[PDB]
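Next up: just one chain, as structure tokens, the form solved without adenosine-5'-triphosphate.
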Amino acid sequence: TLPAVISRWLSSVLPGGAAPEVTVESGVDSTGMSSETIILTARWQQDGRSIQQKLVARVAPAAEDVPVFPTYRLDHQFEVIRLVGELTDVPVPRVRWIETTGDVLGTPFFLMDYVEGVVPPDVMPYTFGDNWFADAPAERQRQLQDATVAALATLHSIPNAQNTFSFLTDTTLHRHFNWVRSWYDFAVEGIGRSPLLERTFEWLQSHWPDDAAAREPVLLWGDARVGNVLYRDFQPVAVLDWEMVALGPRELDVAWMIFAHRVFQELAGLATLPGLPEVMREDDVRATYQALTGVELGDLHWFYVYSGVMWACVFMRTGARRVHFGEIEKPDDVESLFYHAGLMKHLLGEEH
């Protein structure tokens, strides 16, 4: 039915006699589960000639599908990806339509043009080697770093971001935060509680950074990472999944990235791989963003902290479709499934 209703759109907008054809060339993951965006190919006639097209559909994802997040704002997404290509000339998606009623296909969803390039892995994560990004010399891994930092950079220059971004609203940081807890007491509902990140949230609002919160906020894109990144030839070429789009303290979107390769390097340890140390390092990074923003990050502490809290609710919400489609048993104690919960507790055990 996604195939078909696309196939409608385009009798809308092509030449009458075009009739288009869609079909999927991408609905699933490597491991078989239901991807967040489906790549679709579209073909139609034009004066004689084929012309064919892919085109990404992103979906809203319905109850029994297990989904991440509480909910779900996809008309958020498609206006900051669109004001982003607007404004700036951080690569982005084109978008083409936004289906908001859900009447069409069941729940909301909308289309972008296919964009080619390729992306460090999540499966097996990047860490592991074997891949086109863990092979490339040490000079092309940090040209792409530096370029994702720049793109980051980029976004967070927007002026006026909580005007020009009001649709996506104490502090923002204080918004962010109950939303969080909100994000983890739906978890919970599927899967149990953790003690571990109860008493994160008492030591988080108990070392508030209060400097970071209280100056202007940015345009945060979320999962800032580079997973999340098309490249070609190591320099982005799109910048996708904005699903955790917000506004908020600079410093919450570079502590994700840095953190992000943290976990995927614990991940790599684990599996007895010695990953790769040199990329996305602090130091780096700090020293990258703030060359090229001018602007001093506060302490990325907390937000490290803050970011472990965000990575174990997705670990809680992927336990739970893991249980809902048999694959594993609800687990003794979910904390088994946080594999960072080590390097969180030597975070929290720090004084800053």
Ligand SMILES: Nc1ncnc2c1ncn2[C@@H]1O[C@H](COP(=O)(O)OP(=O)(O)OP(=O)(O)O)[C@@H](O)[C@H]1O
Given for the second form:
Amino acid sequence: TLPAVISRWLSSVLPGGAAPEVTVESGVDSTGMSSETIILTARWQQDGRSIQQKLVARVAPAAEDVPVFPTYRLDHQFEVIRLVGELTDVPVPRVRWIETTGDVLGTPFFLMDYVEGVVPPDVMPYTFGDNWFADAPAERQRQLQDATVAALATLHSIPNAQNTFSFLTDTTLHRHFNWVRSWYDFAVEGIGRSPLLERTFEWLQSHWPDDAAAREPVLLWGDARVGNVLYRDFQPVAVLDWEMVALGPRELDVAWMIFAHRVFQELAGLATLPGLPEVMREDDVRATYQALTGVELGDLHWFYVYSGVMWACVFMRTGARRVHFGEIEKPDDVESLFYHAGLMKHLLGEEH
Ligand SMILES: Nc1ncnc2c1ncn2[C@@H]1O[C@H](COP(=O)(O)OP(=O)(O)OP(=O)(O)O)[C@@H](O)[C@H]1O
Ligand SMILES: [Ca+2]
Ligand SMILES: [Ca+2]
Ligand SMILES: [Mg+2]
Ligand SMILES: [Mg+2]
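Output the form solved in complex with adenosine-5'-triphosphate next; the form solved without adenosine-5'-triphosphate has already been displayed.
Time for the whole complex; same chain goes first.
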């Protein structure tokens, strides 16, 4: 049915007699969980020869699926990826079709071209070693890191960001912050409350980063991390996963990228592995970013704490879905799911 639909759209844009056939390459992750990103193969005839194209569909989840997010705007993700392609040389996939109604499949989706390359893995976290990124030479890992920071810098350098990306919206942080509170509330409905998150929201309110929030907002990638970039030869070839795209202070993206790797360092520590301590260090990342944009970054501390709430929110949703599908037993304290609770307790104990 996803394939039938793409086959149909294919029939409308290719020569008559193309007779396209679409099948699914990959509709689940490596743990057999159904995926929002679906890799498709399209085969057709042209001038008596076979053409074969891979296509990637991003589909909006149904309620029955236990969605991470309270709402979905794939149309926004579509337009941002398209605009990023038009206005920068940040590598992104070419977008092909958006169906915004949900009348065709049941739910909205968009279609992208396939980009070949490798991604530093989430399963197992790349900090666990035994993958192409963890096993590369220091120098090559650092070359990847700096290219990824450079892609970020380039996205943050797009002029008149709030004009160009206005469909995305006090300030942009205030608004982003109320969205995060909505997401938490959404997650509560599925797993129960976290006294830690609640105290953290009070903390974030009462220690607002005024200067950062009063500067000019930039386009924020969102889930800005190496696991959302396809790479060929340690250089980015597609920036993926724009579902948390927003307008906001540039610190959010930079903090997220650093913190993300911290979460995986922590996971590696708990599997008693050494991980990758020289990758994505705050000092290295700040220096590169600052060298490239000539822009001084605010203290990231508040934005680490904030990324920690957002990560906790993902874990609460991961948790709801795992218990819904019987795959794990409800933990009795939801905070047991937060690998990084320790990290956050220590950040909250700091004074900046
Ligand atoms: N345009 C594309 N071309 C080739 N492969 C892609 C493309 N988009 C996604 N993929 C494959 O699917 C994986 C998932 O992509 P993405 O991270 O955008 O999906 P997801 O559903 O949001 O996120 P997660 O991996 O966080 O669940 C990517 O690592 C990549 O292997
Ligand atoms: Ca371009
Ligand atoms: Ca203290
Ligand atoms: Mg992803
Ligand atoms: Mg995602």
